[PDB]
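For reference, the chains in residue letters:
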Amino acid sequence: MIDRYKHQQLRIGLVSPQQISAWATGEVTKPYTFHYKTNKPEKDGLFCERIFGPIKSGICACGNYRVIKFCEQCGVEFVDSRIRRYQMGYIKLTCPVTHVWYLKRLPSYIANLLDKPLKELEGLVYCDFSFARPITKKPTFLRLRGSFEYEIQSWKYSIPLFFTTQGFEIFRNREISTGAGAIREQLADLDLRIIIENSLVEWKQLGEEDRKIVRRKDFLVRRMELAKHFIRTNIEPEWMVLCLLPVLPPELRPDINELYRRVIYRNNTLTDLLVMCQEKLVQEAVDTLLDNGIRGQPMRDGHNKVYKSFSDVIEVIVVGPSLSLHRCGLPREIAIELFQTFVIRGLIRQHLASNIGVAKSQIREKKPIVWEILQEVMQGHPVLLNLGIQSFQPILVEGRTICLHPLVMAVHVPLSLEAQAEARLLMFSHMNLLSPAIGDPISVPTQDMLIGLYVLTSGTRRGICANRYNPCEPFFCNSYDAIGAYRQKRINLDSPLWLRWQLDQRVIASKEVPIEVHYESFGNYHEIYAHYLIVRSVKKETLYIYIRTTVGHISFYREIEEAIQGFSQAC
Amino acid sequence: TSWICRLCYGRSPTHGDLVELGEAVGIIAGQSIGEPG
Amino acid sequence: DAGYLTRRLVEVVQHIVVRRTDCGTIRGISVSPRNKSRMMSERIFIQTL
Amino acid sequence: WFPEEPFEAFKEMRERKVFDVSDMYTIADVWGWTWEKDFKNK
Amino acid sequence: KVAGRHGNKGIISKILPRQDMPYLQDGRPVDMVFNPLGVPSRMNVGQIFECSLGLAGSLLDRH
Amino acid sequence: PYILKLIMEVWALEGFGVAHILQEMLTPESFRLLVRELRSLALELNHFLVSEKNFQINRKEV
Amino acid sequence: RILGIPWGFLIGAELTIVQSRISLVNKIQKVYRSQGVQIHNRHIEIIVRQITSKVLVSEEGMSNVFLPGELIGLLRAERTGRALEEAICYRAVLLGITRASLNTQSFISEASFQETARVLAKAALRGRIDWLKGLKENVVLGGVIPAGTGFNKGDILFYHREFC
Amino acid sequence: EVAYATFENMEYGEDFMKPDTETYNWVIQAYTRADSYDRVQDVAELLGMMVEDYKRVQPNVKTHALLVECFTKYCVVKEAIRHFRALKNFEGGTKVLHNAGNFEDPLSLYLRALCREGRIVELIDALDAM
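Protein chains in written order, with the entry's author numbering: chain U, 1 to 25, 35 to 77, 85 to 225, 234 to 278, 291 to 310, 321 to 361, 383 to 453, 461 to 482, 495 to 558, 578 to 676; chain Z, 296 to 332; chain R, 198 to 246; chain S, 740 to 781; chain V, 821 to 883; chain P, 947 to 953, 990 to 1009, 1038 to 1072; chain L, 1178 to 1331, 1360 to 1369; chain H, 262 to 391.
These are computed hints drawn from the structure, not numbers from a lab. Wrong hints could be hidden among the right ones.
As the list claims (entries may be wrong) - Per the computed footprint, the stretches of chain H lying under chain L, defined by three or more beta-carbons under 8 Å from a beta-carbon of chain L, are:
hint, stretch
1, 299 to 308
2, 363 to 374
As the list claims (entries may be wrong) - Cross-link-like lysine to any residue pairs, in silico, SDA-like; alpha carbons within 20 Å at most:
hint, chain 1, residue 1, chain 2, residue 2
3, V, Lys821, P, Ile949
4, U, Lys6, Z, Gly317
5, U, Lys220, H, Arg377
6, U, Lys616, U, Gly628
7, P, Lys951, V, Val822
8, U, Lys6, Z, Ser297
9, U, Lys52, U, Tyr5
10, U, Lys52, U, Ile68
Said to hold, decoys possible - Some chain L residues well away from chain H (every beta-carbon gap over 10 Å; in silico):
hint, residue
11, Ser1235
12, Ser1240
13, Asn1241
14, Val1242
15, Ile1249
16, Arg1253
17, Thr1257
18, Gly1258
19, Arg1259
20, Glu1262
21, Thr1275
22, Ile1306
23, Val1317
24, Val1321
Note that beta-carbon positions come from the ideal geometry of N, C-alpha and C, so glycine has one too.
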């Protein structure tokens, strides 16, 4: 047949600054959590109602109420308060910061894409370094290149004075730059197609020519693999440097709040100055918020606790022997809670309760009509008990405990008809009689059940355990007479007897010839075996069988035979 | 390696017939080895 | 130690579902009852068949 | 254990039906590419 | 839940009238019936010594 | 004697093939909350449905 | 050194993989059978198939189809060898069940198993797509799993009578 | 992926549903003209599956034109040359590869890739076919 096709996909990607803004609009600009006096969310704070929505459904910041678009006085949208679980905000960083995932997690992605060692690239972010000629798509006129650990002497006084400060700032961040912003300019100016060709030719040169050549080859394959994925996707490599910082919705942060406060505090400080030392403080704080435990000693609060980042965030029964195999017993106190919705419906359906409110009071007050309804709705409704989890048909029992059959706390009630069908037709304790491991039976009798069968079928004593001296029993017409004699204490459970047998010879026994054959001269002969006697003739076609057994063996045979016959008659 | 067919798996142990379409036999194999640990 | 192994075992094959009647393969695994170097157990060899 | 010797292991692969010469074909010889032998090994 | 002093712990599953209980040759019904299969697997024979000696002490007015 | 008185489930459901019972016992807020936490790391996780009839892509509201 | 192109790699990988599967199943079944635990070989063969179903593209095999050091399926590598001569050189690799669980077709399954941050960082940079074929993928999404009951999507002649 | 799901329905179905040459051409064409992501590995595995079905399935003119177009786009030039040689023997031939100038004109891309790599002897043979 034709498959019922179902095409669903989910993808993750790095997010542009534009998408970050589109999520929020929404800018959090103040490090305030909650006002001390009014105990209200601070305006433009981490819990602001401009940015994340009302804390009360339909109630605005000023207190105006409307039935469930923006208030004229405050601007709160008159919607459900649940929007605070899903509404994002964002922080506008004065200086771009690298994403710690793509810089510090070895192997570094930014370092591999730029073909610069992480050491010479980490100092550009956390040390007092500067990178010359960050870009290559615009005119430049200085012969500087690479990373400068110190500062250029002429670049401090002579060059800014010669071109004037106002005219110098225009082309300043084109000859030599610093911070994570310099990295973003390198990423944005990368020619990804040049990377592939340069990596391929360098890779082939090393092939023509021991622990470094192999390692450098793996570096080149990773770099050209990385460039190819950027080309065929809509992910820009410059998004690895964050310009905006998305802010988690307040309801998911009722640690993270303090980390947000630190980022806002330093970012607000940096924009007041407008320095490089302050940029490091902003960049380091964002690293702590995104993924701590990547720089060495992580940030710790005053109570000697290491701050958790987002990377840390993402990373009685009583036996009942009379029960059937497919049934279980539930107490009234447990059953009425599990089935309350059905008891309420049954009361309304049969007009014993006018509505839902009245139906609750009768359950509350233990009105006896409740228990009649509870028995009705429970019938035919299986529950799941947690082959650790199975499905049983519950029955109401006296007492306060859950009663389980001897071959077996969470109780689940399937609600939908689809779930009720699965429970009855797939999870019941009689279509799962074989284990999947090798196909063995699961519910074999054990312990006291097994001892009872063993004693029942341990037959008569034999030989020197039956007779004190070397010998140099009742006959029963049918098995019911033998069992009846046992009930009247005429024989014991293991006393030997002869049973007239009117079926075929189906007695499991040692494959042995007769111990003795008694052959009468008129033609009849008796064949005496270890467990049965067969009477035959050379004149007639007679064949009479008598089995030497006990009522215990008869009882075991009858129980299985009557079980099979009883089930057949009932079905 | 992302799925198996009825004939390559064979008979079901719990049901006696050839294994049915839609059976999560990977999870069953995982339990059948982990549980006797 | 048993639970950690069970979690890893389930994880590696969690996606395997019986999805076709017959993949139409031609290859098969050959099994021989009379290897010349060791008398294979009969019951075990039967159970693997 | 398959034999450590290569040509013995090839023989055991055929005896146990792991791999035989009926599996040795390329796109050139099953799609009738008779001209490709002219462009190779020259 | 009940327990002896030999790690023999049990959960009460059934309460019977005194006329349904097994009774001794003096006619007295017993108060509790424990499963004897719990002893060999748990290997706590000390409960067997204690129960016998407890019966003797009660009849002899001894501790 | 002296007697005193005292004071994987998902895998099993999958092995049974009871897909609708499993859906009930799990239910979405678990996944919607996951998307927001991933958004805090500048990652977006979009769920798209491709129609098997007209091949039009629908972005689910997550 | 004996066979040529897509025959040295193809036949060599078959011999290694077949030998590995035979010894892996025997070793596992030796442990359980000494403790008296009976498990059908079906279940063990399913696990071992995942361990021995991958090849590693050799360091010298560079092309626009495969890159050296790439992990590709054994069946995919066999089929490409018959159809191309583009330096598809590969060796069979034995992946432990942990390493095999982190090289699947679903980044959601890997991220919920182990090393979530490393899995998500790599997938996000290439815009990875999960088509939600497996079971745990759909459990996380809260849908219906594609198995069991979820498998395979679950007036003329009036007013025209005889006047009479 | 939409076309590949239908192909899998056929490849692992009953005998009357098995893929024919046209079935392979449709699935190959779906991957060659995919909007995003690298698909050259998918095409090369489908080609290997088609070759394994040689006793029942044989190529036609569209099979080679699609394969020349795919390998040229991904700059697997040596494989595009093998399939162009097979395309020459089919009447019509290069006109099918030209696709009336649609899909970035695969005929011109094959010629450009031969020129860019100094495979001039192959380039002249391509012009003879045209």
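message = Please list, smallest to largest, the hint numbers that this structure does not respect.
response = Numbers 2, 6, 9, 12, 13, 14, 15, 16, 17, 18, 19, 20 and 22, in rising order.
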